[PDB]
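Here is the structure we will look at.
Every protein chain but one is kept in place in this view of the complex.
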């Protein structure tokens, strides 16, 4: 079998305030901005895990649970919850860090899939992954099914592409 | 029954070149940037359909099919493929418009879900939707299943949230 | 004579909301931002018409007819209204798309001149242009005079340059 | 008669390097960016002259004389060359400051028209303007004709608006 | 005496790749950008420590030890090394996280001073600070002298301000 890394090894933090330039609606963060930051921190985690350059292959989901207001401090935590052959599932959690009353509510949750690449751009084999704490193993344990859904979606999506191609 | 709008009514175009500031890897567009633009054009389509302010509730998927290089002209086409009670499924297609050889290859495909909101922020009833051309009815016809998958995912995702809440 | 393209062939749309970062005055779009977007969409239209890389040679005019507020949806429509030897006149129309009451008032109007360039940067011959609908032929019919004014202005402007050169 | 300010009083400088994010073509500044900066420095000059908030009413012209490359230092000099009742003509000169060989070639030239506004947004009377040095009086002396051209263009432009309005 | 927080309580991480838009020189991060990010993460740490809104009162130093290239992953670690009455000294460390060979070289080091503010903008009392690990107590132990230097500099700086005021 392959070399294995702990989910803790690639675990990445990012803290960032919401500035007016991140908003669309009055004092409310715009989803596109949030998505760009999610992709940023997730890509960094995939790089650490893969020890390589990575690209986003797909955004499997972003659930926006809560409105995020200007001034809010956001904590992003990305980790690798699943390692395929050349691919990684990164799960990102985004919390609002309210310094005034010390709550850290979950504001969003995202799954993305990254592919590790060579010096010359072909998909590159990534190490395996194992959890240590409880959260890590929750994401680790529930990943096989998400991988499963993704396969079906990749089937349907190919159907759509092929239809558009002939039109 | 409710009032109905044609998918053509809310159909929105966006053309945008990829500039160095949109890239991460050498001369290659960064996924976060692409996601932000997808969300921008999708939100505009949802607004036109809903006749209202909208927020992104979830990013159901983004499939990145092709590398997008600096200089590339991107065409975004967003439309409403499904109307729930207060929600809309927007499908966005992103093509590279190669002016040199007149190909318009599909570079990415995205589904997002928007919720129309009041003047005071409660979810607002949206009109129904019907297709006219063939592409529109392809996305219209395949939407019920995607809605279905989303329900299961919203079930699993709630499980995850509840686990994290107690840790 | 040369090959001819319909003004409809290069006709480009762009939809974009005004975000706080686009403003200067309270909730009011800044003219520089509007000008940058005008140049973006105009350049894309010139590229489609020319089948080539282009540069902005001059901004012949931008008339700001109406204040544009934060949140406003802007529709940009660029088309080629005149084809010289290596140059194109792009006219851009900018409308506020008010989804709430379905008006599409003209917020700005711009004329720019682009030059199509080689792989090696010399000016490149562009195809001719002909209108099809009524708007297209309005811009097509009124272009010869604008071309004319531009010649006089290019005369005066050369005088100014030459004066500054000796000071 | 009204109070008069010297063109030197409102004369504004701006120095700014061209960074990769300002470019479109490889290592070449994008025209939209240049236009945004032109509008920025011109607006500051109009504010100093008017002693008030201003808006851009029109971009009368931007002549792009020279390619501007990444790294280039740009010097913007804005001044008021003409004062109407509530309006100002700002002329902006943009030079490349080559620190290596001490040339300061004219890279672009722009005329814009600003309107000074109240606390409540109505057009506000501006002071008159007089030149002191030779350049100032060149722009001062040649302004009456430019004002003249602008009147004719504002006539034609109104015709265009009215045509589009009925279509 | 006042309430005390561990330096670990307010310790904040930030991971961020260097993108082309962060650079000035070819593929080299621009110092201003680095400074903006330093200020961002430092402000977040001060907020967590203070449990309040903060402003940057001064940048006591930024030592740029190493060139930072495009693509580089930067790790920012901010902590409070000194607590005055209403002020905090935040020390930020910036490391290049080379995922390819697992070195984490120190690329920059910064000290800043923040002031915690009310709901109404007056300086607000902050808790005290104590270290736990070795690094924390190194910064904790060497802070009194830095505070000292700052006093002398604030003396000289006041002299300069007063000179400029009369000119």
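Labels A, B, C, D and E are assigned to the chains in the order they are written; within every chain, residues are numbered from 1.
The working rule: a residue touches a chain if its C-beta (ideal position, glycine included) is under 8 Å from a C-beta of that chain, and two chains touch if they have at least 3 such contacts.
J.: Among the chains in view, which touch the chain not shown?
T.: When the full complex is considered, the omitted chain touches A, C, D, E.
J.: May I ask which residue of C:21, C:142 or C:157 touches the chain that does not appear here?
T.: C:21
J.: Given that one chain is not shown, which residue among E:13, E:64 or E:130 touches it?
T.: Result: among the candidates, E:64 touches the missing chain.
J.: Any idea which of D:73, D:106 or D:147 touches the chain not displayed?
T.: Among D:73, D:106 or D:147, only D:73 touches the chain that is not shown.
J.: Just checking the interface: what residues of chain E touch the absent partner chain?
T.: Interface with the chain not displayed, on the chain E side: 24-25, 28, 30-33, 35-40, 43, 53, 55-65, 67, 93, 106, 109-110, 134-135, 138-139, 142, 145-146, 149, 152-154, 156-157, 159-161, 163-165, 167.
J.: Residue-wise, where is chain D in contact with the chain that is not depicted?
T.: Output for chain D: 12-17, 40-41, 43-44, 47-48, 50-52, 73, 97, 99-100.
J.: With the missing chain put back, which residues of chain A would touch it? List them for me.
T.: Chain A touches the missing chain through residues 17, 19-21, 71.
In this section, only the chains that are shown with their structure count from here on.
J.: Under the document's definition of touching, what chains do chain B and chain E have as common neighbours?
T.: Under the touch definition, chain B and chain E have A, D as mutual neighbours.
J.: Counting C-beta pairs in contact, which comes out ahead: C-D or D-E?
T.: Greater number of contacting C-beta pairs: C-D.
J.: Centre to centre, by mean C-alpha position, how many angstrom separate chain A and chain E?
T.: Distance between chain centres, rounded to whole Å: 29 Å.
J.: Can you give the whole-Å distance between the Cα centres of chain A and chain C?
T.: Distance between chain centres, rounded to whole Å: 40 Å.
J.: Multi-chain contacts only, two chains or more: what residues does chain C have there?
T.: Chain C, residues with two or more chain partners: 17, 40, 43.
J.: What is the complete set of touching chain pairs?
T.: A-B, A-C, A-E, B-C, B-D, B-E, C-D, D-E
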